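Next up is one chain by itself, shown in structure tokens, the form solved without the ligand.
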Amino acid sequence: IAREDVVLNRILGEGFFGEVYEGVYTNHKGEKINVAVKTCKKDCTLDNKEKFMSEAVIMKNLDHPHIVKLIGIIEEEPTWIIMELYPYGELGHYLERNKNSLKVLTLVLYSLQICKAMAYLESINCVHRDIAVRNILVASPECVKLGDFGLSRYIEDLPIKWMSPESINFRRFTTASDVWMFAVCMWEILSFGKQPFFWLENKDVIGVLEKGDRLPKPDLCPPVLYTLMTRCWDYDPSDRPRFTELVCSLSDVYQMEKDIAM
């Protein structure tokens, strides 16, 4: 991709490394595609440059239907990472807007799509750390895509309401802590974008969990899905389901629900 094929139109915001813009990419076929363009401060360390490109290389290579797509990378030295932009926007707002017309089948499907992307990351022992409806983008009513990795992976040695006990307490982040967090995101999806522990302050959260308390069953949540969430919320990471098993349970629930609705 040539720099002249991307035109920047406005500031989108500042991310962890720079300097993120909204732009238009023009295809070799001539199609105009809307894009986000992440940049890295030219006035920054060796190491941040490294990390900003490391992130670009992961997103480039994941190439998963339920992970947000990288369109290209301009390496030369005002570096642009060109990401696909999704005008349906964030899942949480999408679920809010559409609560009155969405069916449970659709929410199970979204949960299943994110689970598959996670099982892929799990296969390569790659920890995402940011599995939340605010960080998932609606490509189409048929397709959701998990967003950017949690930036804490770039900080040398917080979404507290989404995090496992060992993450909060001990800064531990494993595929197992991602499973805990995935189930919170499913809770959000089955609650139409409701924020987890919305009645608590961040400091309250660890106390409630130690006492064995958990997020309640969303009203429209299939019981099977709630007991599945409750297994993900085991204090013991090793007692938690792996994403591969989650993918099988969710597919089973999807096929069950699909028959129910037709």
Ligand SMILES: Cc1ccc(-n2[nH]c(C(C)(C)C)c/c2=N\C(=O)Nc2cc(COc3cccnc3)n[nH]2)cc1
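Heads up, when I say rigid core I mean the largest set of C-alphas that superpose within 1.5 Å between the two forms. Numbering follows the first chain given and starts at 1. First, how it differs from the form deposited with the ligand bound.
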The other form holds:
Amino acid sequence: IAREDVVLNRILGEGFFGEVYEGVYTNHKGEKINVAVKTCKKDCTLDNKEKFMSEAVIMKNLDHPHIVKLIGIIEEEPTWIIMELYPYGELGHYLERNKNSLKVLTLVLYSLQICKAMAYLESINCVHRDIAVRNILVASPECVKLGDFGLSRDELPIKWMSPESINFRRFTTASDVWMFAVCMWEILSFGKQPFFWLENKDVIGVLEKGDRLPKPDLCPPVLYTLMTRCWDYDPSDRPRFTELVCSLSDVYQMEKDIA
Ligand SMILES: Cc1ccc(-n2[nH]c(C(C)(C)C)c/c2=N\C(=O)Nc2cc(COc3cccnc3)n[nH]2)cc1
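Mind pulling up the form deposited with the ligand bound next to the form solved without the ligand we just looked at?
Starting with the chain above, the whole complex follows.
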């Protein structure tokens, strides 16, 4: 990837290390590719430069259909990490914009796609820590991709977190399972924020006493049941993502049959 082939267009957001720009990359074939170009302040420590660059070193290895894609890296100053840009943007806002036209089958599809990504992470004992619809991008109506690009960060959102994460800052694959079911609640609620009726400080109290997020109107009952299993207080009683894939695939086929 040569710098002359990357054209920057507008600020996408601020990341931890520097601004992130929307851009266009023209590849060796000559096609134009929408990219998110991540930058790093020049005055950062060697450690922070290493951390910044480590994203590209890691992500080069990820090629899952439901994980975001690293396009490339320009190592020379100014050092740029070039991620694929998904013009549809975040799933939460996508759902908000499209509530009147989306079918439940499609909501279950997205849940299963993310579950498959997470089962892959579980297979290598990696944890996400920030599973939420803001970290999922829509590649197309038929395809979502999981990212990890929130300003906290290879491995707080209180209203998404397991009780052990809230109480002890403990984060395991089992706590990701809890967070993933919250993400599913967001999907099935067309982007509503979980516990929007509470302040962060009230959340643990509610969980300790046995209260949970109510079933979204459109959520199939069997899917709500799975959600509630992911919200078992005891991390040992939550399913593994690997087995959840099987459970979700069953819900998808039940939903596809009735459609
Ligand atoms: C050091 C380090 C840092 C991050 C990671 N991980 N880990 C993961 C897992 C595999 C999911 C866990 C993803 C990841 N990186 C990213 O998601 N990067 C990314 C995405 C974006 C936003 O892109 C957009 C936004 C809007 C529209 N279009 C595109 N910015 N940066 C790994 C190592």
